[PDB]
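Only one chain is given next, in structure tokens, and it is the form solved without the ligand.
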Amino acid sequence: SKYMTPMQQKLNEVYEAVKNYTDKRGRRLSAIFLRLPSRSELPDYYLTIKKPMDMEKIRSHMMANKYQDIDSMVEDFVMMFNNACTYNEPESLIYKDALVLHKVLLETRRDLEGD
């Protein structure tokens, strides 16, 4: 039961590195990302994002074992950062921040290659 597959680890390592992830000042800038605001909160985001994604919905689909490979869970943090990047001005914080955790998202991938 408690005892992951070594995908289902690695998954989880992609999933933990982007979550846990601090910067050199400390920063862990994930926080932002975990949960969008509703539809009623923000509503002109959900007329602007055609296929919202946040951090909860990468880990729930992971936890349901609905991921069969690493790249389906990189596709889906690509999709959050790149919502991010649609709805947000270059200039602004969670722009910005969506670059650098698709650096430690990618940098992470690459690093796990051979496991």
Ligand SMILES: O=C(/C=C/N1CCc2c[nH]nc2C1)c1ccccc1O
Given for the second form:
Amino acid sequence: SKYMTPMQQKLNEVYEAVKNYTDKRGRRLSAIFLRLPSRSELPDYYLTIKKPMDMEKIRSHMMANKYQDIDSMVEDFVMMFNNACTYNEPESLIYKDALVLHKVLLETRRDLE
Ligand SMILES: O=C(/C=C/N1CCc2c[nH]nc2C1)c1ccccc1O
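What about the form solved in complex with the ligand, after the form solved without the ligand?
The next block holds the full complex; its first chain is the one shown before.
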């Protein structure tokens, strides 16, 4: 019960791949995505985006063992990036960084096949 299953280890690897990805300048693109702005700070976010997601929530689902496979986790990452790209303009850094991380996620999944 203290030993992680292979699926649990794979989930953790994918999550850390996204979280730890660094660009050529050593920036971790995940930083903005770890925790959403609060409902008090950014109400127009929550009136627009119906299914809010951040990496804190993904990590929480992962620790409660709510992900029974890798695609379930990928789906929540992709919802997060889709939301970021819906709320923020295409010229924005957050939009751009979401595209890159979505690519990093898909590469990671493919490499762990
Ligand atoms: O879009 C996200 C963040 C957007 N910001 C722009 C507006 C703003 C005001 N204060 N802080 C911010 C951050 C986001 C973050 C985490 C996960 C998913 C997201 O869509």
